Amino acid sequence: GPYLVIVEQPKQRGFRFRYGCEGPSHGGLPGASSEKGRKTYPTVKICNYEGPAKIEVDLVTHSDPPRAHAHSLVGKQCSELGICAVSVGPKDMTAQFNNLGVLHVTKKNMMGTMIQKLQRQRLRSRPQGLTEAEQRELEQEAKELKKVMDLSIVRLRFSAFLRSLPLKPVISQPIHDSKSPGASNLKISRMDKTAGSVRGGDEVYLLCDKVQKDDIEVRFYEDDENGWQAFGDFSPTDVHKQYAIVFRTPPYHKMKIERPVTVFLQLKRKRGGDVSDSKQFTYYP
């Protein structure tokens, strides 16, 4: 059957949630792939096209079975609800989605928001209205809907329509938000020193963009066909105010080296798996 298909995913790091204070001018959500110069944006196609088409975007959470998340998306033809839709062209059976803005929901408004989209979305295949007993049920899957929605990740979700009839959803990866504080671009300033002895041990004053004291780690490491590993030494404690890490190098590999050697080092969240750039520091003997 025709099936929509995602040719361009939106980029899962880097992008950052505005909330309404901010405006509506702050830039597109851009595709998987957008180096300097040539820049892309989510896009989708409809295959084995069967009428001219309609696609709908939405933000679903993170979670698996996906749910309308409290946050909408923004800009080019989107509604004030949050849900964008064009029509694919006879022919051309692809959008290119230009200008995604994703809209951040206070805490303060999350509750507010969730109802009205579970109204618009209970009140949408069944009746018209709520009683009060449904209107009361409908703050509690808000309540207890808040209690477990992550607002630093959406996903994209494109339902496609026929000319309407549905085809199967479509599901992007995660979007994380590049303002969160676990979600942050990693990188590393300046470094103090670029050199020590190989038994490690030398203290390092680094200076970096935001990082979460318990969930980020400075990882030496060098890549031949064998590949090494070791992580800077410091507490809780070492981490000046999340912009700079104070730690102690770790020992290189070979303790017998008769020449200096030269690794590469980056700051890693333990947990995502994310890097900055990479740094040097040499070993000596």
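Positions refer to the first chain, counted from 1. Compared with the form deposited in another entry:
Hinge annotation between these two forms, restricted to 182, 155, 43, 99, points to 182 (rigid-part boundary).
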The other form holds:
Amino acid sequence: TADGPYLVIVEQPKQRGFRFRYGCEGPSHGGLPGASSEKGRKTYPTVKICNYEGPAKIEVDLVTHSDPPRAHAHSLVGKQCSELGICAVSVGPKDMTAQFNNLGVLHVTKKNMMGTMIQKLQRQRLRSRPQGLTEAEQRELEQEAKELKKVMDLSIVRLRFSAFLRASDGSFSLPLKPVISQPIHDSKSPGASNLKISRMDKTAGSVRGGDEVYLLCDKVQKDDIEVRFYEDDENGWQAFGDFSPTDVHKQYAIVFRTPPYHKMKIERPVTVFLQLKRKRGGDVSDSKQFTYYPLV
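Now that we've seen the form deposited in one PDB entry, could you pull up the form deposited in another entry?
Coming up is the bare chain, nothing alongside it.
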């Protein structure tokens, strides 16, 4: 869209299913993969400097989930990283694409958060006056920290890629616009699991409903879940599972009774969809097929 040189995320990170590691857990536990990684094909976050060919330097750091992108308490740890959480690669005059195949997220302790925060905030405001730092600003620097620690989500981070075109000097000194990735959720964090149907005991029934199904899923909250049956033919037929939270077994299974199909006296089987749906959210699981059958 912009005429000038710019960075583009070729492959965003995994928005779900990456674990943030604490300082104690040990240094390599896996690298942040790409949004299209599977067991066979692994992919990693990738970016490219479009609208220029030449030597250049791309760096990533963790920013808040909040759109005004501020530095996160969390740091990137990796084979290619600063001890501030800043990861740096060099793109060759031919290859303008940077893959970041070994990126970890160091999870800060809540009792660590302030000091880690003032430390990244100092580092940030050192270019304005590198010789020395005044109390007059150290007081107000600590003021950001406190206000940020109150609202900062330790479960969600965003990669921020900052590209720098090496100048005539030999100095990698020219900035490009910084490009912020989609959010990255901690896999080991409260709720915010993607609703998954592992398997079900029945995939067929009668048009009459009332057929009892055992559904195995990933963690669900007994009071926030439902089982939506539907046909997305724009008729927009929908009905629901019949159960009580007691029927939701230790947040990993649902025993429900199928609803009746809208139209009985059907002559042939009809395939519909069912899906888990959080009422409190909008969030849905992958839909599975269910086939209604005719009568007597």
